[PDB]
Each structure stands twice: as C-alpha cells, then as structure tokens.
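J.: Residues per chain are reported as follows:
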Amino acid sequence: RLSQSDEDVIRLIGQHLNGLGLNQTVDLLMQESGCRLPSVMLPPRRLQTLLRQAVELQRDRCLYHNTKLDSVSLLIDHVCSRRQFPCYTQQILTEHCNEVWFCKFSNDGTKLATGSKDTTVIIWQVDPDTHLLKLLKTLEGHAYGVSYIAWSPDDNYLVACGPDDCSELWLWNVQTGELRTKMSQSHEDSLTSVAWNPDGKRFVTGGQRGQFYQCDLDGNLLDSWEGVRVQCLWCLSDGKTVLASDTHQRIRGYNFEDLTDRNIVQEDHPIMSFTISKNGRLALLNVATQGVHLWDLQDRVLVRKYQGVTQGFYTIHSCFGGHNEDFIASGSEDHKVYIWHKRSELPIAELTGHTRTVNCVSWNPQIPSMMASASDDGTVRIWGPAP
Amino acid sequence: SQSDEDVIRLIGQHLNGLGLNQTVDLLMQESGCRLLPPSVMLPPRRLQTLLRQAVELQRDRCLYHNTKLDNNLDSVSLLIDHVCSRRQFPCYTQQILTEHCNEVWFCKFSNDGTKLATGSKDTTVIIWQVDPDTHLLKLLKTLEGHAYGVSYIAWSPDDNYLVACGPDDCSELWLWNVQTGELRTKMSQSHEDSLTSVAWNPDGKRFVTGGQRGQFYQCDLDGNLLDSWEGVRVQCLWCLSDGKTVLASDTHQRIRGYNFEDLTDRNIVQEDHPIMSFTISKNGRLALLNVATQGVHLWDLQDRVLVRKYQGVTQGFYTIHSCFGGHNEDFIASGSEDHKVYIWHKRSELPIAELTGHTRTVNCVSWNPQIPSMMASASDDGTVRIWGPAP
Amino acid sequence: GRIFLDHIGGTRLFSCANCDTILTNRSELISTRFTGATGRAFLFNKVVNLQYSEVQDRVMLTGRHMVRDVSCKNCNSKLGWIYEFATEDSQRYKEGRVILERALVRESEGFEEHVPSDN
Ligand SMILES: [Zn+2]
Ligand SMILES: [Zn+2]
Ligand SMILES: [Zn+2]
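Same order as they appear, the protein sequences are chains W, F and S.
Quick note on numbering: the first sequence equals residues 119 to 155, 292 to 322, 327 to 645 in full-length UniProt numbering.
Quick note on numbering: the second sequence equals residues 121 to 155, 290 to 645 in full-length UniProt numbering.
Take the third sequence: its position 76, counted from the start at 1, is 77 in full-length UniProt numbering, and no numbers get skipped.
The set of hints was computed from the structure by calculation and includes no laboratory data.
Backbone N, C-alpha and C define an ideal beta-carbon position, used for all residues, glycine too.
Honestly, I wouldn't trust all of these hints.
[Unchecked claim] Quick list of in silico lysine-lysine cross-link-like pairs, BS3-like style, CA-CA up to 25 angstroms:
(1) F:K563 <-> W:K536
(2) F:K563 <-> W:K600
(3) W:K440 <-> W:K369
(4) F:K600 <-> W:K600
(5) W:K563 <-> F:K563
(6) W:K375 <-> W:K440
(7) F:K322 <-> F:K563
(8) S:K95 <-> S:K47
(9) F:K369 <-> F:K440
(10) W:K395 <-> W:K440
(11) W:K563 <-> F:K600
(12) S:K79 <-> S:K47
(13) W:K459 <-> W:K395
(14) F:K369 <-> F:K459
(15) W:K536 <-> W:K498
[Unchecked claim] FRET-style restraints, in silico, Cβ to Cβ:
(16) W:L604 <-> F:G497: 21 to 27 angstroms
(17) W:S121 <-> F:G570: 54 to 60 angstroms
(18) F:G570 <-> S:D119: 50 to 56 angstroms
(19) S:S78 <-> F:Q556: 45 to 51 angstroms
(20) W:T547 <-> F:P623: 43 to 49 angstroms
[To be verified] Just a few of them, taken from the derived set where beta-carbon distance is under 8 angstroms, the chain F residues facing chain S:
(21) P421
(22) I534
(23) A546
(24) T615
Model the full assembly from the supplied sequences, consistent with the hints where possible.
T.: Here's what the structure looks like:
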C-alpha cells in the first residue's frame with residue numbers, strides 16, 4: 119500500500135526520467151504504480303532543485319572550507339580535507355640577522371614587508387604561479403629597529419615606525435625604493451603607531467607620551483589632539499573618523515573635522531592591539547593575560563572569546579583571514595600559531611616549528627592559502643597546503 | 121555523461137525498495153547502466303538521505319519557523335517549498351491604552367490571558383479585561399493606595415490575588431484580592447526595609463520577598479513572617495515548580511538557588527556583568543537574562559552553560575525586562591532605551607523585527623501566555639500598546 | 002524608567018549624603034591627604050553609579066590636568082572629579098582615579114557578606 123509520500127516521489131522520478139531523454143520505463147512505471155495526472295501539473299525540474307538544495311546543505315557544514327554546477331558526486335558527502343587548509347610549512351626565509359618583529363602583506367597580496375630588530379626592512383615579491391617569495395628590495399636607516407609597518411591604500415608607499423620612545427618615522431616609495439620625508443616634530447616625542455587615510459594623501463600618528471597628530475605626505479602637521487595616550491589607530495572608510503585605543507582600556511572614535519569624540523568599547527584589561535574587519539563592523543583585539551576578543555562596534559557587544567593563546571606582557575598581533583573572513587589567526591608566547599573558526603572558541607589547528615616566541619601572524623588577503631609568521635628566532639615561515 | 125549515470129543508479133536502487141522490479145529491470149536494460291567502492295556496491299538508502307537533507311535546508315531558512323513537528327522526518331510535502339504562516343505574528347499595533355496620568359513602569363498578563371495588569375508611576379494599578387470573541391481590552395477596576403509608584407506585579411497561580419511592590423527604598427508591599435477588588439494586607443516589617451522583588455509559591459499560599467538591603471523573607475497571606483535569610487542582597491526572585499526551591503539573583507552576578515526547608519544553597523550561574531532581571535521557561539530548564547551594558551543572554555539551568563547571546567538592544571541606565579513568547583516558546587521579546595521593541599528567534603542572534611511607534615523609553619514587554627497573537631508594551635510616556643497580527 | 006543601581010559590598014561603606022545610594026567602600030581607598038573646595042577630599046580606586054560630563058583642562062596644586070566632573074546617578078548632585086590626563090610624569094599614579102569630597106558623602110556600617118558554600 120503506497121501512501122501519499124510514495125506517490126510524490128514516484129511522480130518526481132517519472133518526470134525526471136521522461137525529461138532525461140527516455141520514454142519507455144516511465145510508461146511502464148505508471149502502468150504499475152497506477153497514479154498520474292497541485293496534482294495537475296508538477297513544477298518543472300523538481301529533482302534538480304532538491305538535489306542542489308542537498309548539495310548546498312552539505313557545503314554549509316564543511317569545516318575546512320577555504321575554497322574560492328553539477329560537478330559534485332552525489333554518491334558521497336562533500337568534505338574539504340585538512341591537507342588543503344594551510345597548515346604545513348612551505349618556505350623558511352632566513353635573511354634577517356638579529357630578529358623579526360613585524361611582517362605584513364600588501365593590500366593586493368603581491369608583496370611582503372618584514373621589519374627586523376636591526377636596521378632593516380626587507381621586501382619580498384610573490385610569484386603568482388608557483389607562489390614563491392624572492393627578495394627584491396632592502397631599506398636601511400632605522401637606527402632603533404622597526405616595530406610597525408603600514409601600507410598605502412594603493413601600495414605605493416609604506417610607513418615604518420620604531421620602538422617605544424622613538425621620535426621619528428620613515429616614509430618610502432615602493433616603486434623606486436627611495437626615501438621620502440623623514441618626519442620628526444619634537445625631539446622628545448614618541449611615535450609608535452600610524453594609519454593611512456582612504457584618499458591616500460594623509461595619515462594619523464600617535465604615541466604613549468600624549469602625541470596624536472594628523473599629517474600629510476610632505477611631513478607638515480595638519481592637526482593635533484591633546485589629552486590621549488594612544489596605543490593603536492585605524493582610520494575608518496568614510497575619511498573622517500579615527501578609532502583609537504587608549505591606556506584606559508577602551509576604544510574611542512574621534513572626528514577631527516567637527517572635533518568630536520564618542521565611546522564604543524569598555525573592557526577590564528589592557529588592550530595590546532586590535533584590528534578591524536573589511537566592512538568596518540567587527541574588531542578583533544588582543545587582551546593582556548587573556549585570549550583574543552571579538553567585538554561588534556555597531557551594536558557595541560562582545561561576541562566571542564577565543565582561548566588558547568599565552569600573552570602576559572609583550573605585544574602580539576593577530577589577523578582575520580579565510581575564504582570570506584571566516585578564520586582567525588594569531589601568534590603566542592608558547593612558540594605556536596593558533597587558528598580558529600568563527601563558530602567555535604576552540605582552535606582547529608596548533609601549528610609548530612618556531613624555536614622562540616612568535617609575535618606576528620598575517621594572512622594573504624588575495625590568496626586564501628598563504629600565511630606568514632614572524633618570530634624572535636630570526637626566521638620567517640611561509641605556510642601553505644600540504645604537498 | 122556521468123552525473124546522469126549516478127542519478128539512474130540511485131533511482132533504480134530507490135525503486136527496488138518500493139516493491140517494483142520489472143520497472144527497475146527495464147530501466148537497467150535500456151539505460152545501459154547497472155548496480290567498498292561505490293562502483294562495486296552502492297550505499298544503502300542514499301536518495302532518502304538526500305531528500306531529508308533538502309527538507310532540512312528548507313526548514314533552516316524558514317524565518318518564522320514552528321518547531322512542533324521537527325521530529326517528523328517524513329510527512330512533509332516535497333512538491334512545494336516549506337514556509338510557515340507569519341499571519342499570526344504580532345507586528346502591527348491595534349490598540350493604544352492611554353489612561354495612566356504619568357509614565358508606565360510594568361505590565362503583566364494573568365497566567366491565562368484573560369486579564370492584563372498595568373502598574374505606573376502615578377500610584378495606581380489598572381486591570382483590563384480581554385473580550386474572548388474580539389480580542390479587545392476594556393478597563394475593569396482600578397487599585398489605588400500606593401505611594402512611590404508600582405514597579406513589580408506578581409500574579410497568583412489561580413489569579414485570585416496579586417502582589418504589588420514599589421521602587422527602591424520602599425519598605426512595604428500590597429496584596430490585592432482581584433475578584434472583589436479590595437485590599438487584603440499591606441505588609442511592612444521595619445521602617446528601614448526595602449522590598450523590591452516578590453515571587454509566589456506554586457501552592458498559592460506563601461510568597462518570598464526580598465530587597466537590596468539584605469532582606470530575604472518568606473511570608474504568609476496574612477503578612478505573618480515565616481522564614482528569614484541573612485547575608486544576601488537579592489534583586490530578582492523565582493520559585494521552582496517543586497515547591498521547595500527559590501532561585502535568587504544577587505549583586506555578585508550570580509543566580510544561586512536556595513532551599514528554606516533545610517537551609518541549603520547551590521551555585522548555578524556566573525556572569526561577567528551586572529544582572530538586571532531574568533525569567534525562567536515553562537519547564538524550568540532555561541533562563542533569559544537582561545545584562546547591563548550588554549545584550550540578552552540565555553543559560554541552561556542543568557548543564558550550567560551559556561547557549562546564545564542576543565544583540566541589538568541598548569540598556570544599562572534604566573531597568574528593562576524581557577519575555578519568552580510565541581507558539582511553544584519560539585520567540586524572545588524585549589524592550590530598549592531607543593524607543594522600540596525587539597523580537598528574536600531562538601535560532602539566531604540578529605533581530606527579526608524592530609517595532610517602532612513609541613515616543614519614549616520602553617520598560618516592560620509582555621506576551622499573552624495562551625493567545626499567541628497578542629503582545630503588550632508599556633512605554634515611558636503614559637501609553638500601553640497592544641500588538642497583534644497585521645490586517 | 003527605574004534607574005538601575007549597583008552595589009559594591011563590603012564593610013565601612015560610603016554613600017551619597019543626599020539620597021543615600023552607595024558609591025564605594027573603605028577597601029578602595031588610596032590617600033586621604035587631598036584638598037577640594039569644601040575641605041578635605043578622598044581619593045578612591047573604583048566608584049559605582051556615577052555620571053560624567055565633559056573634559057575640562059585646569060591648573061591644580063601639582064601641574065596641569067584634564068578632568069571630568071562626576072555626580073550622583075540618582076539625585077544629580079556634584080561629588081568630585083575624575084582624572085584623564087596629567088602633564089607631570091610624577092603625577093601619573095592618579096591617572097584614572099576618582100576624588101570625592103568628604104563633606105558630600107556619609108559613612109555607614111555594612112554587614113559582612115555571606116560566604117558561598119561553593120556547592
Ligand atoms: Zn568544502
Ligand atoms: Zn516553518
Ligand atoms: Zn545622590
């Protein structure tokens with residue numbers, strides 16, 4: 119006795135077989151099931303839509319899904339393997355003499371800039387086909403070492419800062435490797451952060467002593483703010499707002515044009531550093547003596563707390579990444595690199611290979627399979643998929 | 121092709137299970153195909303798994319979903335996509351009760367959806383009767399005698415009495431007989447007290463009250479003191495269905511449970527921010543929390559874990575209350591300080607609806623327990639808005 | 002609506018002298034050798050249910066500072082100020098602390114908190 123559910127599947131199978139290019143077994147099936155014409295006219299191509307829906311559901315649950327059409331086999335569930343996720347070392351770059359403090363990819367993911375403890379910033383070019391890194395430029399003259407590096411929005415200039423209690427910053431042009439103005443306002447200043455303006459003609463710098471400037475390419479001072487000890491800066495997309503994290507364990511938005519300020523994040527532990535997603539809605543930040551925290555700026559709400567990173571006093575930088583910014587990468591003081599998916603607070607990988615502490619991690623924005631790791635042992639590691 | 125062969129083989133395997141054999145034989149005889291590598295042998299019941307996956311995906315995107323029949327894998331039509339009827343969703347205001355002469359502070363329903371109790375700053379409590387064949391609210395009686403206003407109202411299990419409290423540093427509470435409309439007892443122990451929270455025992459003859467000065471009493475109908483506890487600054491109270499357990503939230507961000515019969519206490523919840531108010535579900539398993547300077551949180555009372563965090567609501571300067579609601583408790587409703595009402599589904603953190611129409615702050619929101627198409631919202635401008643289905 | 006009021010707990014509590022809403026306790030006290038406008042003033046570590054107005058720069062007995070005025074959350078009465086920036090390096094230990102005027106607060110005795118059985 120075929121119940122109602124059987125009849126629907128029978129009619130769907132008959133329609134599919136008739137439309138596929140066959141005309142005999144459909145009639146033979148109707149002559150045996152004894153049911154055929292909403293119950294008047296079936297929707298066109300129901301089975302194809304149902305199978306596409308099933309494949310979409312299978313793709314939704316895929317975990318290591320970093321990938322960028328009836329090309330999927332229906333006889334087995336679809337799973338992306340871990341050996342395709344970037345978790346295996348592919349290159350070891352040993353050209354710095356003393357140490358490595360900061361590494362950063364270009365905005366188009368074509369070059370890598372690494373700043374060493376000694377007086378050097380090195381630029382590596384990435385081959386587009388074989389994905390190998392080769393040195394092309396070296397920049398010298400940073401007497402106190404390099405701790406922060408920022409790229410121009412069109413990847414024509416980069417600004418390199420020094421360590422704490424350094425009153426200078428450098429501005430180069432990548433095309434010719436020459437040196438633009440070396441800016442220095444006061445001999446007793448301390449500049450340790452820098453952020454570019456989306457128009458690519460102004461930047462904002464600041465420091466722990468209480469300096470917070472907005473300047474141009476020629477080095478002239480356009481604006482200054484008094485009363486804040488900034489630690490990390492980021493200019494928003496609208497070209498007016500600057501988000502700054504202070505020593506009061508909070509993040510505030512400042513408007514230089516109208517000269518206004520508001521609050522967004524209030525925490526209970528020091529904030530070593532923070533970064534902001536592509537759409538300017540979520541902030542991923544590093545908390546001293548704790549893990550990595552995700553904050554929603556529009557709603558001003560703490561979303562998730564990811565656990566597993568050891569960070570007591572030093573500054574450690576993390577990053578977004580993945581197919582559509584679905585993964586979080588970070589370094590730690592226990593010589594390991596940590597990777598999380600946004601849906602859980604437990605790591606999906608714990609990489610290894612560094613002798614000393616790792617203090618910078620970066621994800622390629624245009625190639626979602628390349629990771630760069632910079633540590634205190636003097637080497638850089640390029641991680642990709644398994645061979 | 122090759123995708124066609126897979127479909128043909130899977131269709132044949134599925135058809136062989138419905139008692140048809142001649143059709144399967146002729147299909148394998150004309151197509152040319154045939155039926290632990292998949293080529294060697296086919297997995298068992300693969301088409302059924304694919305169809306169940308498709309139905310599950312259809313259910314996932316259902317915005318106003320009803321989860322009563324989520325255990326029935328079969329008995330869902332495959333010819334058309336599934337979508338629930340939002341016809342009964344209360345997203346359109348249809349009545350504005352404006353009879354309080356000051357700002358309104360609290361709203362509640364009567365445990366069966368027959369009456370609605372409203373308490374305001376103008377020192378009065380108003381009861382509205384609900385017409386069963388029209389869903390229209392009409393004033394029934396007014397209760398006067400309060401001094402500093404009414405901030406919390408608790409209904410009896412049989413809806414024969416109610417208890418009205420006051421704001422901070424109010425040292426007395428009122429117990430009203432609702433059938434005759436008269437006052438039974440106004441209770442006050444000492445002039446230095448502060449009673450801001452009240453809850454009823456499931457038997458309807460005792461109630462536990464408490465405040466932030468260290469007062470935590472259990473009292474009788476006639477106002478006689480029965481039990482006392484020392485050393486806790488309670489803020490919100492709730493009585494479990496077993497009759498001998500009281501859940502109390504304190505100023506250390508805890509929701510600890512207590513037992514008066516043998517004087518025992520436990521540990522349940524531990525939050526990272528101050529707690530304003532909470533409400534437990536119908537079966538006493540889940541707790542819904544309003545957290546200062548944060549969103550609305552959901553906790554499991556047995557596993558003692560956080561389930562979800564709901565965002566979009568602003569709070570921290572004023573006290574704001576929320577509620578469960580909907581058919582089989584699928585939706586969460588709350589007020590906020592930005593002049594609107596937020597509704598969430600249990601499956602997601604982002605809001606579904608943001609109902610505007612209030613001119614000032616929304617303090618409380620109440621769902622009808624037995625009419626799943628009725629909500630009331632009391633605002634900080636003297637209005638109570640009734641929300642029901644769109645025309 | 003009903004203003005939400007926090008509590009800090011402990012013994013030897015301080016409260017607003019006008020409406021008697023708690024602000025802090027003796028535990029969060031640093032130095033009592035301070036001067037305000039009504040007389041002696043106290044420097045605390047953490048104070049609850051306060052309000053803040055705006056950043057103002059002014060010259061005090063020790064250098065120049067930028068401060069914010071604080072007031073009670075329930076009665077809206079001024080109680081002191083909170084530091085934001087201090088120019089003199091030596092004067093950085095008080096960067097984020099709160100000063101309350103002793104003539105505008107009242108001391109009271111609070112019972113010891115019941116210690117949880119850890120059950
Ligand atoms: Zn996949
Ligand atoms: Zn549904
Ligand atoms: Zn006061």
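J.: Each hint: holds or not?
T.: Results for each hint:
1. F:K563 <-> W:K536: holds, 23 angstroms
2. F:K563 <-> W:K600: Cα-Cα ~15 angstroms, so holds.
3. W:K440 <-> W:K369: Since the Cα atoms of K440 (chain W) and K369 (chain W) sit roughly 23 angstroms apart, the hinted pair holds (cutoff 25 angstroms).
4. F:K600 <-> W:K600: Holds: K600 (chain F) and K600 (chain W) sit about 19 angstroms apart, inside 25 angstroms.
5. W:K563 <-> F:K563: OK: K563 (chain W) and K563 (chain F) at ~12 angstroms, within 25 angstroms.
6. W:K375 <-> W:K440: holds, 19 angstroms
7. F:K322 <-> F:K563: Judged against 25 angstroms, a Cα distance of about 23 angstroms means the pair holds.
8. S:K95 <-> S:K47: holds, 12 angstroms
9. F:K369 <-> F:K440: Holds. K369 (chain F) to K440 (chain F) sits at ~23 angstroms (cutoff 25 angstroms).
10. W:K395 <-> W:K440: Cα-Cα ~19 angstroms, so holds.
11. W:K563 <-> F:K600: holds, 21 angstroms
12. S:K79 <-> S:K47: Roughly 17 angstroms separates the two Cα atoms, so the pair holds.
13. W:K459 <-> W:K395: holds, 24 angstroms
14. F:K369 <-> F:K459: holds, 21 angstroms
15. W:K536 <-> W:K498: Given pair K536 (chain W), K498 (chain W) holds - Cα atoms ~17 angstroms apart, limit 25 angstroms.
16. W:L604 <-> F:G497: 21 to 27 angstroms: About 40 angstroms separates the Cβ atoms of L604 (chain W) and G497 (chain F), which means 21 to 27 angstroms is violated.
17. W:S121 <-> F:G570: 54 to 60 angstroms: This hint holds: roughly 57 angstroms between Cβ atoms.
18. F:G570 <-> S:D119: 50 to 56 angstroms: violated, 30 angstroms
19. S:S78 <-> F:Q556: 45 to 51 angstroms: Since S78 (chain S) and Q556 (chain F) have Cβ atoms about 47 angstroms apart, the given range 45 to 51 angstroms holds.
20. W:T547 <-> F:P623: 43 to 49 angstroms: At roughly 47 angstroms between Cβ atoms, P623 (chain F) and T547 (chain W) fall inside 43 to 49 angstroms, so the hint holds.
21. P421: holds, 6 angstroms
22. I534: Violated - the Cβ of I534 (chain F) stays beyond 8 angstroms from chain S, reaching only about 20 angstroms at its closest.
23. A546: holds, 6 angstroms
24. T615: holds, 5 angstroms
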